[PDB]
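In this view, the complex is presented without one of its protein chains, the others remaining in place.
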Amino acid sequence: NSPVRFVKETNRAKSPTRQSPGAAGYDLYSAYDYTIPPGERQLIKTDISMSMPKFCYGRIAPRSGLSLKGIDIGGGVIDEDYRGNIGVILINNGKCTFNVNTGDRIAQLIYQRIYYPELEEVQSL
Amino acid sequence: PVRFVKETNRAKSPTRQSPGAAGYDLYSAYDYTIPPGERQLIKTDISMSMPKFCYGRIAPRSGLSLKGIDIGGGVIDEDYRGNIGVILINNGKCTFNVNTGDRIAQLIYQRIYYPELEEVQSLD
Partner (left out) sequence: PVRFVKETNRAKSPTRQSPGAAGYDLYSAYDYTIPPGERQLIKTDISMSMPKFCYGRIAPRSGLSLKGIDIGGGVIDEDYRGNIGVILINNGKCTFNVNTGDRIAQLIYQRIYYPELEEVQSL
């Protein structure tokens, strides 16, 4: 249980942070400026890449404030071996246009602990 | 032992019905009416002191999901000590009614990890 290394791809990226010592996840921020109209989704870029911890995955989880405004998360499974610019799919299920500015908090990345079992085909259980 | 508090007598204590259930059932404490394409914050009138290296996920019941009732948000932080609400998204075509005492979700205590983040020049 050592440090998770992350790379800022550009000067626009903000280091992920936990609000509080008991916060579930690390907050992710838009590196660019977007307009999402009602009934549309947009992949938002963080310009962050990280080497993910072992036996875990990163859940791109919703911030509750944005969810009460009708902003949900699409996809959001960051694999252990994924090394690219992390992106967040924001779904505007609200009634009017939602603006994403550079620096805006858009989601929380939770390091969810997972198992990698062997699968064995059987006749019955 | 996770301690919990009822804000009112209207709160139902979260239930666990079998050893192989993913978590605990959450129940509405109030009456609600959610029109099609609209979301509503359902108050459970339960607050709790959450265990270490976990978050509580407000997770969907399959039966409601199958009716087009999805879960908004739902990340209960370890140090969230307020009234637990369930954002129900009515993605069906009919008005969805929530009565006091109705099962609305399952709370799942999800084991997580809190790494230190160290910025580096490059990974690989």
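Just so it is clear, A and B label the chains in written order, and each chain counts residues from 1 on its own.
Going forward, a contact is a pair of C-beta atoms (placed from the backbone, for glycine too) under 8 Å apart; a residue touches a chain by one contact, two chains touch by 3 or more.
In the full complex, subunit B touches the omitted chain through residues 1-6, 13-14, 16, 18-24, 47-49, 51, 54, 59-62, 65-66, 68, 70, 81, 91, 106, 108-111. Contact between subunit A and the unshown chain involves residues 41, 43, 52, 57, 74-82, 89, 91, 112-125.
Here is the rule we go by: only the chains that are shown with their structure count from here on.
Separating the CA-averaged centres of subunit A and subunit B is a span of 19 Å.
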